[PDB]
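Next up is one chain by itself, shown in structure tokens, the form solved without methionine (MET).
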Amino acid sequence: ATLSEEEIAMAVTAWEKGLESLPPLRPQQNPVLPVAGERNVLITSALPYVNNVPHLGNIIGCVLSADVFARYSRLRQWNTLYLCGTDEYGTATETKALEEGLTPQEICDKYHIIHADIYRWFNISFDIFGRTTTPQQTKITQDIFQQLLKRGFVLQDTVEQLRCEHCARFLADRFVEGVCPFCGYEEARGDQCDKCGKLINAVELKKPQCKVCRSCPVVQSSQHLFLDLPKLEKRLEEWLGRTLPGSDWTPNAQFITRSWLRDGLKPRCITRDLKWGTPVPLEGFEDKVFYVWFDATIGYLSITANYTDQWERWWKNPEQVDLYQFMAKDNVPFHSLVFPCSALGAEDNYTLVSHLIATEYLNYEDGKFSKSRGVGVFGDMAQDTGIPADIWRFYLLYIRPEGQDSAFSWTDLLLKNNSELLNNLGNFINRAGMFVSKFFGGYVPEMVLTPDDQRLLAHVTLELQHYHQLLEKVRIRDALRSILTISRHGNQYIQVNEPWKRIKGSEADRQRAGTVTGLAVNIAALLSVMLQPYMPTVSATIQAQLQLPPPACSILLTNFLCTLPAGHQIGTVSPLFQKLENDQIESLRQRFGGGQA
């Protein structure tokens, strides 16, 4: 395409300015804390439930999406804190621990390691990967509760529940049978009678029976606490009306939030009759814990608290901190309604989310991931495929479900690997490094820019600015395509100039070959940095092959610079990517298809 004279002029000028356009990068901090006058970016990924092995769908929607923005944020020299951790409390944990013959603490410890190992293999750059089963979780949850309680946002009511005294617990509708009080059907459930269709309350059943021990449950009244959401609806919508417009909340999250408010919020129970949970500091609640519906989102705070006692500088500092929250759309109500209401009702100057990033679902082939049916790739099986992490990262991010659902496809993975990585991105960077190493003893040639060279340079800068424009608004999927667009321009540039041929010609031809070569390898250097949020290992590999200086590796400016000036010596080059074969892929497809085992 055609650009203005000034656009080209500005691009060339910035490019020639070279390495000292780079600011002397600040030394890393631990713990990372907000700096006044600078941008401070707080990033959370939704806390995965601990006792389920995560699959690719879980990873792309949360930890991997958050990782890309986190890495980009650091390249922009923003003070970045990316945190996550395992969600561990609840009835599900008690049930699963029983099935595995372990204590709740035991099975949680076991599966936390599994999560941590999986995310470590996928190279997720957490600043903290924590847990919700800590004393700080208890302290911070109880504090927020007290603040809400003393401001009249907590209700207390009695609820009639069936209780199996033999099993010593309150029964869910699932585990209750009885006679229908409407038609006399003898096998009615606690939730509904399948004979007459009537939706009932389990407490209304005649001759109720526990499905487990077959004894007779009794109706007992138990005390529960409720969060008074209707009273908080006003201050919540004030905040939303103030922060939603002009934000980068994903459209699906915005619709979901508004749709809940249209129906009107109701008081929600925040207590449960469990043992495994955060204790409630109130009289008569010694055998009750906080419902994970309420305190799971507080986990973000306690995880940060275990990281630094200065955690309030992040989570109680809205004027300084921009919070990004990544999740799948199911988690949206807890992040757009529940915690904001709790925080706003606490009146403790809490940092609320500025940009809620919610994805749609990643499906597997023509259906769902399923552990029970053995369908789909789960996080712990990825390592065993012979396909490295960055390849998984590339494909998942290439098909990241942003506007609509996406589907993992083995055929598509092979096709996009061979076409975009091998025949495009890899083919450019391989040739750029090869030409330097083969024709110039590993030294970057002198670059004498022709008008055509200046055009390409300017095109690269404009696409780079497009890349920034997108990722600034968390347009992950499209920013990856900007990278591939640059390498596409680069391949076209190399192919039309044929430097590997001209190098065998006149001294004029040889100078052209040198210019093309040096310019190409500088584009290769830029790509390595742009690629870092997406494929961190490949990024490091390229930078090692080109011996790109560390300050150039850790910052991405909005202009295309000459990071590899003439005379710079590169290392030893080697093909970046391996092709994927039909035999290899069909074997993997059959393995995770469900037709086996």
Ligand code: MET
The other form holds:
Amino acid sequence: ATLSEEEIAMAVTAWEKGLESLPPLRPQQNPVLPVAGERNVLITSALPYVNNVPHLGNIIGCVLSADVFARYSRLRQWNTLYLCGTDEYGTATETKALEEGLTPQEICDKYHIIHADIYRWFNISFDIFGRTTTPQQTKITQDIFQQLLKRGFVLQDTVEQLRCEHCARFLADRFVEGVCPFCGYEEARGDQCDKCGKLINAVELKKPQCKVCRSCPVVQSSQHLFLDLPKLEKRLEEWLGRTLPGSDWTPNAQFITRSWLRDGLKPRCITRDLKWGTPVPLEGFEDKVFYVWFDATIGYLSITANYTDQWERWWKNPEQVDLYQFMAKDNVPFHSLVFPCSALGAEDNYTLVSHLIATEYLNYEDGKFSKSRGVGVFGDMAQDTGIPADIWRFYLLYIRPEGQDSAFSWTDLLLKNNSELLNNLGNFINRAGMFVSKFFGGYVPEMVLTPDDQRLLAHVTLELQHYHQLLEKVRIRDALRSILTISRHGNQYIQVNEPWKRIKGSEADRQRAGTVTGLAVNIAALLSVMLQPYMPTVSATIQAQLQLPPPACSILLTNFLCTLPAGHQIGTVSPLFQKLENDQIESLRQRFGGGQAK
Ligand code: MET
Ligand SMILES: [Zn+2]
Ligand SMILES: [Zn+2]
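In place of the form solved without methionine (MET), output the structure of the form deposited with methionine (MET) bound.
Complete assembly follows, chain above in first position.
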């Protein structure tokens, strides 16, 4: 805990320079567009499937992780566009719509609102939260398809598929029964005979049956399109070899990507026999659509396009734009292989991802989230617990599954709330603001820095730079702890100086009390901005209580500044956090535990 004289003297200088170090801000732009010469940060979160209510695992892995970095990116004055939206096409949407007695468009409109409401409550600051079911999706999907077709990256072949003429549909291996051509087992599945173990193709079945209507399916050759990834594999590895090293792709994402390439890429079918999907502009495909995962990633582009005319300045400008993509592990192959191949094969100067951020999975307690069994906290339930959104944000981010899986624990939430928020972070900021309001009439006291004060000030600056160091590489988990480290330093500073005692003392002792008090609240002011990407409501609350000027609230410099000079008037202070009670938590834990199921 010992620095250099140069370190201490440098940090002090930057501090004393004050609010004059602050570039008067730039007016907010709508739409946000890339600005030449400056850093332009494009951020996408994986588009959640619309017809499933998201749980805390989904949220922390994608929208919440992306939001933290998005908010940090704005504090660094980077031109930031954070976009997301609902993934809506697919067979599951047709199955769920029918089950709910609605049209696919109806059930999508319904659940899109549910998603948006959940993300609003969690305070996810999307610049756009769009939809994949738009005319612009069809247009952009078809264009990219056309660019790939004429360059010979699309194959066309026929597939023998069992079709039930009564159900008027092609059958999945799990919907077809039949007798085994290898052992004669009369009730074999289309995928496997459980009797002799043989892995089969459904068409090999004798006397096939549709397990829905029990009719006899007939073999039909249907036309299908394919993306020739083997022909695109070369240019994909050239791009990967150019961009992976020195990047901040999460280790798991890199491994998965290189792992798929080690096997070798295969031709992927990009068409489906469906009605709900982006239509294929080709002869004889009037009743087929693009496969969801072929154009779901194109949704990123179409969502941006519904937002602005100049969407190609973001998505076709790799020289000015650094793309960050946040997703879960299972989404990586589509973002690191499928879409890059499609984009590179289209040869339209596309912005490709620079840093892929893929998290491990968040477990609920000792198991997994399950709407089926009533286990776990889902996004629509979190609003009803009496626990504020920022408390959810803090804890989920404190245990964000980066290197390995993590598990949500009600017991741990209570401990971390009471220890880190109440008895640490909140305690420091409460005392800081309280001392100004009580001892100095709400005016920040004069600050006469001792050598020990300069050390603290320099230590705070180093933690701030460490904080920057981490969040610059999307180390969200560790930067949060950096915040708590500064706060823990501040509590020690207050405790040893005992300003609330010294204030009732000699001429000299009252000056020390004021210096400590003033420096403390300037640290509090800094903490509020650092906390902004994590707990935006509390951040604003602190800034309201301290009346921190809007320009100081909008930027985070790499140096600890004096944002509250001597004579600055603060507002009215009030305890930041509430204690979490044991009875309160046991009740919530029993509610989401599964033992109260139906
Ligand atoms: C274009 S990202 C789509 C991700 C998909 N909706 C999922 O939840 O896995
Ligand atoms: Zn068999
Ligand atoms: Zn049938």
